[PDB]
Amino acid sequence: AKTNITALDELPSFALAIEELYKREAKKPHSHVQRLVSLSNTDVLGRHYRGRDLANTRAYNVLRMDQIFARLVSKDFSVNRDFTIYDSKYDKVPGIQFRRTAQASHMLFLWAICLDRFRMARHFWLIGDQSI
Amino acid sequence: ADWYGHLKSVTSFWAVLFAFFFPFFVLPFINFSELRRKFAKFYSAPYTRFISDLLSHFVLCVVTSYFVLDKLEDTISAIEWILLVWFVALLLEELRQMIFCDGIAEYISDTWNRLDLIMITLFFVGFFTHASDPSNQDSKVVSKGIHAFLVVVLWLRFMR
Amino acid sequence: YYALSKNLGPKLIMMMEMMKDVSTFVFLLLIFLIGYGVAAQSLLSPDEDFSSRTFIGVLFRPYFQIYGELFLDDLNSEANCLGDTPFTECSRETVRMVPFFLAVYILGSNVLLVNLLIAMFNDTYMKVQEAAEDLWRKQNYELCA
Amino acid sequence: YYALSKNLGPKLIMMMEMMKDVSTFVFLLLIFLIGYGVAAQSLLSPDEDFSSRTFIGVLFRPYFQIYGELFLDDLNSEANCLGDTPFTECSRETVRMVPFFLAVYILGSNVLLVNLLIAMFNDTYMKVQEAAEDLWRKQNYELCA
Amino acid sequence: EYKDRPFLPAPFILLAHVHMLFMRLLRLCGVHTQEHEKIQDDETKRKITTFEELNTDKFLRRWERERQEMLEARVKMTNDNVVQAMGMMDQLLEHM
Amino acid sequence: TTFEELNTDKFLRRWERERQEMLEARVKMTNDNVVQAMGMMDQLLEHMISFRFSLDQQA
Amino acid sequence: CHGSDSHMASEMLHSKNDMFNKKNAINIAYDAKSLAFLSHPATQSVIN
Amino acid sequence: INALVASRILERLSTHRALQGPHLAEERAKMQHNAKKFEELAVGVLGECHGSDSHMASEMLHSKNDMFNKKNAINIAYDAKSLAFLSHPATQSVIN
Ligand SMILES: CC(C)CCC[C@@H](C)[C@H]1CC[C@H]2[C@@H]3CC=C4C[C@@H](O)CC[C@]4(C)[C@H]3CC[C@]12C
Ligand SMILES: CC(C)CCC[C@@H](C)[C@H]1CC[C@H]2[C@@H]3CC=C4C[C@@H](O)CC[C@]4(C)[C@H]3CC[C@]12C
Ligand SMILES: CC(C)CCC[C@@H](C)[C@H]1CC[C@H]2[C@@H]3CC=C4C[C@@H](O)CC[C@]4(C)[C@H]3CC[C@]12C
Ligand SMILES: CC(C)CCC[C@@H](C)[C@H]1CC[C@H]2[C@@H]3CC=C4C[C@@H](O)CC[C@]4(C)[C@H]3CC[C@]12C
Ligand SMILES: CC(C)CCC[C@@H](C)[C@H]1CC[C@H]2[C@@H]3CC=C4C[C@@H](O)CC[C@]4(C)[C@H]3CC[C@]12C
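Chains as they are written, first to last, in the entry's author numbering: chain A, 483 to 532, 546 to 627; chain B, 724 to 757, 791 to 916; chain C, 917 to 1061; chain D, 917 to 1061; chain E, 1062 to 1157; chain F, 1110 to 1168; chain G, 676 to 723; chain H, 628 to 723.
Quick caveat, the hints were computed from the structure, so don't treat them as lab data. Check the hints yourself; a few may be wrong.
[Unchecked claim] Straight-line C-alpha distance at most 27 Å; calculated DSSO-like pairs for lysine-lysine:
| hint | chain 1 | residue 1 | chain 2 | residue 2 |
| --- | --- | --- | --- | --- |
| 1 | C | 936 | G | 708 |
| 2 | D | 927 | D | 1054 |
| 3 | A | 484 | G | 691 |
| 4 | E | 1119 | B | 797 |
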């Protein structure tokens, strides 16, 4: 469904697909993903501020998960996303096809680190860049 | 966990010592339980009995050390009477744990119980040496000579 | 400023690690120092009101005697023993036990405790040397930053 | 001329290896020696123009005190304390802190640094003994040639 | 040792001693204490029993899995399997 | 990017080569290969005994 | 990387990444509390 | 002598200015490995000689070679910086 927030409306279809992978896995009994999201004490955009329908129906969006993983790393980790490159106006750029598949790979990578699936993690780590 | 008496906040030397010295100011606030029940729980903890035994033995060492350093009077002094009551209490505790808790063989097996017997024995010889003739100068010097041996043992009972 | 050096920096990290062994040595010595000090001060000076000088004497002589400075001439003067042999022909027979107490004491302090400190330092160094090198390598970037 | 011997030669090579640990000990001691020396010389002699004698006193007494020669009788004479107890009845109350500074100092030098030197030498010897034997065996041909 | 030691410290332990003598006198002549304690419910006992049995089975499965993955054991299994393989070939030739 | 990707592929090939050359791994591979060898012999005899029933008893 | 070309590996470790807050890999490694990565000779050579 | 000379040439070539470069890495590694192997052969044959006849092995180590500047094998070994060869008991026995 359409949302009044411009950051969540800017997201691409595949971002909603990862949100679906988090959502389907989260509905299982005693899943640590739900417990992690609930104990995180963050809003819809992942900011540490602790309406309800948007905060529960779209609780597993990629921006909020990015914020949760950023807090897991250190106190000043801030992963920068740029979804503006997935618009059709940037198709003429030569190297964009690598950029578009690397960034994408990365978020899927993060999902695979969350659910603890090493083989899938290794595959998405291999597809993207910035390996070390 | 058994040492600390099923508590999670009072779990260090300073915390239990601070709570022990100020019972009504740290116990209500720092409540863990993993008012009357908490008071009955903290002071029955084995660690609390150790800190009570530790403080008691430390005062005994300081008071006995002061007594042997300061000059003896011509009659039995007040501090001497306090030490007499303290070592009888220690002697009765050693006899009760011998005759009525483990057994005589079990008691004498332990090296610290033997040291306890040596302490009580050294104090009573020195006291009776002084108390036989309190105005005698020679009795005071010998008594302090036996009580020199008595102080080293008290400071080793801190090793325990 | 020595933390930057590849020789002095890890050693500084190990010095901070050995400080617990130093604390262990201090807690064990404190026992023998106060026990021997109270006993020795009482034997040397019976019949004296307690004062601040009594407390200094208990802390003063026992502490330096563990570094090899033995005040035996000074203890002979304080004991009022007039004999050619150092602890004979004294006014009180009890003060002749002061060299015996002292012997036990330096056996406890120099022979036993100091050599155990050497043993604890050798064991502690072998245990935490590699961790100190790794921690120094993290601190190399910290100092650079 | 001892390099030819199968016992003395490798030990000479290890002595040259331990010299870096000796340098480490010297750099750490230098810190405590100059700090304690400036502090102790100032407390013993306040109100004196700076001269060459001030500099000798700072270097002179702190260095020998680490080998067990404690100049406590001499420091008692310089402090102008007239009491039977060594650091009582002094003209200035500040000079009574000189034995305290000294205690810390010898705790730093004898108890901590000397025993760490023993630990570094044991570790260094075990590490470079086999390399020293191999290097001595190459030097055996060098000396023969 | 410090579970069984009285709380009261040494100068004041005499009070604890006369209190224990008072308890012995009250117990040997008209006992009314009864040494009451607390007993765990059957629900929590069966919970502890279930946990211990489940973890016993888990450790035995894990232990069996660990011994079959040791090298020495693996080499023994290949060896008896190879000897059985020659035996199977000998009976095969016989049939041939 | 090209250097890092190339060295990532090189380390993974080298790492895979290193794990297959460990002794423990080699012993496991001989063991599953031997069990598969007995399995192959059991199906072979079955074919041998089937062939014996099929032909020798038919005459 | 350090085995193949030490200078280019050094150039790689100094590279600022757009995805995170322009942090190089050594800053990332410190933030990830990787003692093994920081104690490596290649990383130490770049820090020196 | 040839094994010692070979070990020295491969170790010096592996760290030479002419073998640095991204494509030569595996090659460099291979040379160090081969260098070590040649060192092992020089030690090994020497050991075998000392095992068979110690006096004749000693005679062998003292032999002047026409191919190089009349240098024996110990001089060659020192020039090849072979610490393993010089620390061997046979070589040390001849030096003594
Ligand atoms: C195991 C240890 C604690 C035993 C201690 C024994 C002590 C308490 C006893 C044993 C022998 C005793 C000494 C025997 C004789 C004399 C001479 C007399 O003119 C003064 C007292 C003096 C010097 C005694 C002092 C106390 C003494 C040292
Ligand atoms: C600690 C245990 C094992 C041993 C104790 C030994 C004690 C009791 C012994 C050792 C040396 C002894 C002293 C040796 C000589 C003299 C001189 C004499 O004119 C009076 C007694 C006196 C002063 C002795 C007192 C007791 C003494 C201190
Ligand atoms: C190998 C080691 C442990 C040997 C031990 C030596 C002991 C037994 C020696 C060394 C110094 C000695 C003391 C030196 C001087 C005196 C003063 C004299 O008036 C009585 C004996 C007394 C108190 C001696 C008792 C015995 C003594 C303590
Ligand atoms: C280093 C930290 C941890 C502890 C510092 C302790 C210092 C401040 C203490 C320890 C012993 C103290 C001295 C002990 C006694 C006297 C004598 C008195 O007439 C004047 C003060 C004076 C001279 C004290 C000055 C302060 C002193 C030096
Ligand atoms: C186990 C070890 C660490 C015990 C340490 C002992 C310390 C606390 C003792 C040993 C020597 C002592 C000093 C000896 C003499 C004097 C001079 C006097 O006028 C003031 C106190 C002062 C300055 C003492 C302060 C306390 C002191 C430093």
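The hints, checked one at a time:
1. Distance restraint check for residue 936 (chain C) and residue 708 (chain G): the Cα-Cα separation of roughly 26 Å lies within the 27 Å cut-off, and the hinted pair is therefore satisfied.
2. A threshold of 27 Å between alpha carbons decides the hint, and for residue 927 (chain D) with residue 1054 (chain D) the separation of about 15 Å falls inside it, so the pair holds.
3. Taking the CA atoms of residue 484 (chain A) and residue 691 (chain G), the gap is about 36 Å. The hint is violated against a cut of 27 Å.
4. A C-alpha spacing of about 37 Å is found between residue 1119 (chain E) and residue 797 (chain B), which places the hinted pair above 27 Å, so the restraint is violated.
Hints 3 and 4 from the earlier list are contradicted by this structure; the remaining hints agree with it.
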